[PDB]
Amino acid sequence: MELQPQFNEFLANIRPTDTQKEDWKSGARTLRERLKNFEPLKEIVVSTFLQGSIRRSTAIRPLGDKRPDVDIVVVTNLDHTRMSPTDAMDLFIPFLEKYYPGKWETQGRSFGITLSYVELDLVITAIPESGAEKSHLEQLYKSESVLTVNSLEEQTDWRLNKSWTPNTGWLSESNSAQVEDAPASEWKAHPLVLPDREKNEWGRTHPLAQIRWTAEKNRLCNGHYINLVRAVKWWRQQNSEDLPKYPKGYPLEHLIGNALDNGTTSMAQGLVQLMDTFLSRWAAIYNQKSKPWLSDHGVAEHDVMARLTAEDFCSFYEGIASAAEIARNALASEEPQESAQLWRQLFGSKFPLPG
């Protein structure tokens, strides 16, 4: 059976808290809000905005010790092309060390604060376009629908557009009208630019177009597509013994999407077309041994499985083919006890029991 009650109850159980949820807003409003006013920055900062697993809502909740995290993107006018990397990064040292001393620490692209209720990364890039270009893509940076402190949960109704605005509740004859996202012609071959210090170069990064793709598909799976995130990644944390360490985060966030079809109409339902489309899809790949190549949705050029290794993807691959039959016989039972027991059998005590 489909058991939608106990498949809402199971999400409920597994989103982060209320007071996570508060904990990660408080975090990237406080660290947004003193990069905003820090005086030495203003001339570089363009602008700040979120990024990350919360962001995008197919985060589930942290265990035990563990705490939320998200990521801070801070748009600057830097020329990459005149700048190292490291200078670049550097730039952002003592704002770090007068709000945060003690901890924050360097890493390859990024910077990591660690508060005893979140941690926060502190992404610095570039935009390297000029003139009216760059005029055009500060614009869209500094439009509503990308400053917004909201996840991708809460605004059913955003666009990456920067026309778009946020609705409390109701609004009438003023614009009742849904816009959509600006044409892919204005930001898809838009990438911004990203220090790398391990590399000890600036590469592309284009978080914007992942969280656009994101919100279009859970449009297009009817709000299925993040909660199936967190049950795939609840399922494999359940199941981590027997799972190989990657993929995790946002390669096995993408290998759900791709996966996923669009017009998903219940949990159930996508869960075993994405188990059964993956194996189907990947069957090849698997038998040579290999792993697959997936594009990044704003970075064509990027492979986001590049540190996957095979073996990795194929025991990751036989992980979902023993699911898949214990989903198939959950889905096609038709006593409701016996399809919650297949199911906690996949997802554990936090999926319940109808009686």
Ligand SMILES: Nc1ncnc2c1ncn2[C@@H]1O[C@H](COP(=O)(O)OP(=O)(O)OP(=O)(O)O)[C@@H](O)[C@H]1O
Contents of the next structure:
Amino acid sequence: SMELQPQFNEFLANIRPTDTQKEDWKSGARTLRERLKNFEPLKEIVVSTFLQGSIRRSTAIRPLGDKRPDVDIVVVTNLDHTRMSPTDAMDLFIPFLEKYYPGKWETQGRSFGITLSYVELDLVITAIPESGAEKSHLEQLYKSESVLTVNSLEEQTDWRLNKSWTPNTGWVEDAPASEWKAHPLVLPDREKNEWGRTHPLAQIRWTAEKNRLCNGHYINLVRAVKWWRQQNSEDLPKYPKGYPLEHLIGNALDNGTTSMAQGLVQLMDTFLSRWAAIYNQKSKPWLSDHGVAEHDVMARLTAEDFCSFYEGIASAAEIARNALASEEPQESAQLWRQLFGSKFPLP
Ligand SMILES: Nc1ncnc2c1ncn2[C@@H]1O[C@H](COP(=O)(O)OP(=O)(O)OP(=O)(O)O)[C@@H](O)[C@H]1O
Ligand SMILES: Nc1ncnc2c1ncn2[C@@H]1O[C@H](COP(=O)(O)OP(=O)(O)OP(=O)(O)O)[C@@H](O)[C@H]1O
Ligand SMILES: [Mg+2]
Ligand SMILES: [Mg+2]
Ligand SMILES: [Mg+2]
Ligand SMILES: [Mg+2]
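Could the form deposited with the named molecule bound be shown next, to go alongside the form solved without the named molecule?
Following is the full complex, with the preceding chain placed first.
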């Protein structure tokens, strides 16, 4: 078998967001947090502002050309979601946005977009559904370094969801589930002025654990498959992409991964075998979200798109198998380049 580890490392470096982008979202997120914390009308309402999404989980890929990466941010408030609607909560942030980001922000349904120099923030306003002392204890978690760090999982592979965790200087386990697992936040629905549930911290925690169980290869494999999808967009369905695609990859990948090349072939093979019956039925899987267990991550994916995507994976898997089985490094790399394009280097 052929692993081409140095070529995969260079490929991954080429598809991660750039260091200029990274520094822009780190300063952008922290600056937003500090501005909200000191904005008098919101000082008693905002509990926490934290980095989330693929940027936080180190599963984001570099956008093409001059396009700005999407950087997801949660604002946690102490508002009572049974007495205030999502728009009531969002209404409060307009004067803040006009003061600090004039001409640079836009409402996009359930979120606010903010254009920075090199990145685009995607801000969602949330609330803690619990009340009283139970709310207070959850607020302590959202105020902890575990939550407030602006470093991503790749930079803190030991990260744990625990108010007592502190960053490793280079020189603690997850908190018991009883303290966080059954406690999602509420956020605005995509389309309706109604609250839904989301648990980004639980998704981050699951990703961190899966990455440790996969010897650091999981988050890199998500990026690689996302890159394949982007490079082959014209031959693939529009969906899955984004988080549902990441979730499918985390499902398909087995624990114990030892290399990128082996992991790609394993996860594609497992995808094809696991979903063979569903594909034969022209259906799609129902997959429990790692954050809100009762939610189907695939709820908006059509069966037609799932089955078209299955066919795309089938084609990719044949190439990936041949690359791993190749005896000549140049042939192997040329096969990976059929999936990934020119950002995967020849040896
Ligand atoms: N279908 C879904 N199920 C569960 N969580 C979701 C789903 N769609 C979005 N999310 C949550 O909202 C976050 C922001 O969504 P977004 O579309 O920006 O995805 P992403 O994972 O950041 O990927 P991208 O790199 O494409 O932005 C996700 O990271 C995830 O936590
Ligand atoms: N920007 C976001 N940040 C955090 N979580 C998100 C975000 N966008 C979506 N989610 C999560 O993804 C789930 C699915 O969101 P999606 O936009 O696909 O449909 P929805 O109609 O809002 O979901 P539902 O009505 O099923 O709650 C949400 O319930 C929430 O848990
Ligand atoms: Mg995102
Ligand atoms: Mg987003
Ligand atoms: Mg909905
Ligand atoms: Mg699995």
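For clarity, a rigid core is taken as the largest C-alpha set superposing within 1.5 Å between two forms. Positions refer to the first chain, counted from 1.
Chemist: Please look at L147, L115, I285, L220 and say which one has a C-alpha shift reaching 2 Å or more between these two forms, core superposed.
Modeler: Spelled out, the residue whose C-alpha shifts by 2 Å or more is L115.
Chemist: Rigid core superposed, CA of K162 - does it shift 2 Å or more between these two forms?
Modeler: After core superposition, the C-alpha of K162 moves less than 2 Å between these two forms.
Chemist: Is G270 among the residues whose Cα moves by 2 Å or more between these two forms after superposition of the rigid core?
Modeler: No; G270 is a residue whose C-alpha shifts by less than 2 Å between these two forms when the cores are overlaid.
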